[PDB]
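Consider the single chain below, provided in structure tokens and representing the form solved without ligand ADP.
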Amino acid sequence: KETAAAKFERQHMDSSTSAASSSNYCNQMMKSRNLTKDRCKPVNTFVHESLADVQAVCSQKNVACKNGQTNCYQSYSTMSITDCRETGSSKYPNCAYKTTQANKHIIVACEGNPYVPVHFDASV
């Protein structure tokens, strides 16, 4: 089955580009990452930095996770991200998202070998 690390890459990594410039970014990304297949995933963040730079976060500021586990890490630096949030009138299968670019610190849970992100906890 899909590993946690691999799901994290599917749901949260978009190195391709430096920013979600266009306002259809979310509708197209959420669909192509299989997050609109059975239902519209309501909220999701994409990170536009190199996989290497994101994985390096697992060596930065150790913070608690939302769930209480102590294997979360906050990026020292801000990173280019895109917040995708389903509109109030979106209805499956026609999943509609608002696309919002930002530069914020990411907080991720990290586990395994190699020790890499397996959950997106928040941006701050």
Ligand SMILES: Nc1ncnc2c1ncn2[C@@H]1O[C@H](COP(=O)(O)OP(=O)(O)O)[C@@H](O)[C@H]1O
Given for the second form:
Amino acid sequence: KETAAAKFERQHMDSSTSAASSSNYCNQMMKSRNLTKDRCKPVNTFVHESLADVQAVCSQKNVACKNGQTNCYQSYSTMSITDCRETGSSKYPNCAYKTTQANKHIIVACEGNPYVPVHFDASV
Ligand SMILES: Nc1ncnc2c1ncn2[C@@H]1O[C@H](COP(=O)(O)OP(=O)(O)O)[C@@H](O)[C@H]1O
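Switching from the form solved without ligand ADP: structure of the form deposited with ligand ADP bound?
The complete assembly is shown below, putting the previous chain first.
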């Protein structure tokens, strides 16, 4: 009974660290957030901003989504993020990732009422 909005928080929000992500952050976070249960999710981004700040992006700059839908929004301000990208030698269930911290604008897709983030589209 996890909502799409709740899933976005689980998969992409990490407001509890002001970004200080160790080289093992993704290995730990990808498993702790259940993104390596059925397999190793290839790529996934975590956002280190407050929940309110990320939810606010749904009212920010409307930009085309990678899938062609019109429900994507880019943050006006840059945000603290961590990208997780499965290593070339990662072998499920031993999911291995490279951790890369950055400060970039995020692009999320929003749906529902309230209109909230449900998908992480890209960082730019
Ligand atoms: N424009 C969009 N592009 C991609 N997915 C979208 C879009 N708008 C809504 N969604 C929904 O967002 C959800 C994304 O879920 P999931 O694949 O688990 O996480 P993520 O895409 O954030 O890694 C799906 O229910 C999908 O249909």
